[PDB]
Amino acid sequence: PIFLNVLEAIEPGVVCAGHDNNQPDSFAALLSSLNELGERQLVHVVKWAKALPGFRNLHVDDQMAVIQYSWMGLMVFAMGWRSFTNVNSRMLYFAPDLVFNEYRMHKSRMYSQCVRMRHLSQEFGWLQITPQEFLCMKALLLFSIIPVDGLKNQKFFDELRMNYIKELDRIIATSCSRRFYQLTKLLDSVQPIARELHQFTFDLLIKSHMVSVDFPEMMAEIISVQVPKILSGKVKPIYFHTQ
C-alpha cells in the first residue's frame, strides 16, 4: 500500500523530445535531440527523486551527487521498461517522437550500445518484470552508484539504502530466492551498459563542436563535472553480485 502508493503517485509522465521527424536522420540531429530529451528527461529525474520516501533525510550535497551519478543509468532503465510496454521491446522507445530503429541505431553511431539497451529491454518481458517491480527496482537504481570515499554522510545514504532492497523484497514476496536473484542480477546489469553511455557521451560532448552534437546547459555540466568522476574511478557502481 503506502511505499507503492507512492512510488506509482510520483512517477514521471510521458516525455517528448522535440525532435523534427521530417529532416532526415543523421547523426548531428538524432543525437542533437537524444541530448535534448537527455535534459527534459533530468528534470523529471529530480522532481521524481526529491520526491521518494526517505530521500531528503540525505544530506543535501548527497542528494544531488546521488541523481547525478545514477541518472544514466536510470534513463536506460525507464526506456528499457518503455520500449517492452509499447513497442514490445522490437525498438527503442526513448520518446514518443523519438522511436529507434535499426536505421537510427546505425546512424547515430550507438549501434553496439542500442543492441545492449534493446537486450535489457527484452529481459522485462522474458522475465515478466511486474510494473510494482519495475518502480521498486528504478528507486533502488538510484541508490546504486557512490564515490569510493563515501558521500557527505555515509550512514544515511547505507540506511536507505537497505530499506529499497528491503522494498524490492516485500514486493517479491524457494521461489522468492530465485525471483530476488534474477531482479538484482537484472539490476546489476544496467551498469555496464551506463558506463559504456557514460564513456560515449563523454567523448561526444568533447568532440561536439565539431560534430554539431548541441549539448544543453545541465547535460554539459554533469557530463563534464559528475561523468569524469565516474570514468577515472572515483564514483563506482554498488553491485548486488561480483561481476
Given for the second form:
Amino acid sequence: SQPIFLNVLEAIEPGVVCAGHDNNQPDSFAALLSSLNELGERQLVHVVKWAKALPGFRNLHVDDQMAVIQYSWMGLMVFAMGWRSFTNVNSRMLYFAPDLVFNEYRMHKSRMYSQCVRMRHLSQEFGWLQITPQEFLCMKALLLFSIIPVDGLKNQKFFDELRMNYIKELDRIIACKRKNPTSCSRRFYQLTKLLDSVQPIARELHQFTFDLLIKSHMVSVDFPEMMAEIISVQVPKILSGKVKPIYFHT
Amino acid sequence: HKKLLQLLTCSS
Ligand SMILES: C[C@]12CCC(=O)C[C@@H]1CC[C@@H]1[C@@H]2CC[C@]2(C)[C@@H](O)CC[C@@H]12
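Form solved without the partner chain done, so how does the form deposited with the partner chain bound look?
The next block holds the full complex; its first chain is the one shown before.
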C-alpha cells in the first residue's frame, strides 16, 4: 500500500538557497571563496533543519546528532549540488546556487579546478546511471549516516539501527525489474559505488577548506562563524584520522 | 557551536 518514508523525504527536501554573491565584482579567488563560505553557512542552517525532521534522527543522542551533522555536511552539500548541476545545466557547470554558478573561468580562479572537475564527474553520474529523484533522496539521507568517529558515538547501537533502516529504504526504492533479479543486484551495486565515491571528493574539499581557513587572513577570504568553528574543531578530526567514513566497499 | 546547537535546541 501507499508508503510514508518517501513522502517524508520529499516533504523536507530543502528549497533554493542563494549565496548572496555580487556578480558585479570580478571573479577573484577572494570573492568566489568568500561567497562559497557564505553559501556553506546558509546551507548549514537548512541541513540542520532537514536532519532534525528525518525519520528516527531525533532518537539519536543530542551530541551524536550534532556530531553527524558536523562531519557529514560537506558530502551532503556536494551530493545535492551535483544533483542541481545535473538537473539545471546537465552537469555542464557547477550550480552551487542560482547566483553562484561556476563556469571554467571560475573553476580556475577558485584555485580548486581539480576538485571542481571531480564534482562535475559526480554530477554526470546522475545522468550516466539515470538516478531517479527517489534514489537521489534516499542516497542523500544515507550520507548523513556515513561518517563517524573511530571511537564511535555516544549511542552507537541506536545509530547502527538507524543506518540499517536507511539502507533498507534505499534497497526498497532502487529502480530495477524484480522479474530480473540480476538487474536489482547490479543497480544496488552501482548506487553503493556512487555513494562511496562522494567520500574522496569530500576529503579533498575538507583538506582544501582547512588549509584555506589557516591562511584566510593572508588571502582575504572571510569565513562565517559556524563554518570557522566546524572547520577548526571538527574537520581536523577527520584529517587526523579520528573520524572516518563508512564505506560500503573495501 | 552556539548558533549550530541553537538550531537543535529550538523547538526540539
Ligand atoms: C559546501 C560548499 C557550499 C554548498 C555547495 O553547494 C557545495 C560547496 C562545495 C565546496 C565548498 C562549499 C562551502 C565552502 C567551502 C568549504 C570552501 O571553503 C572550499 C570548498 C567549499
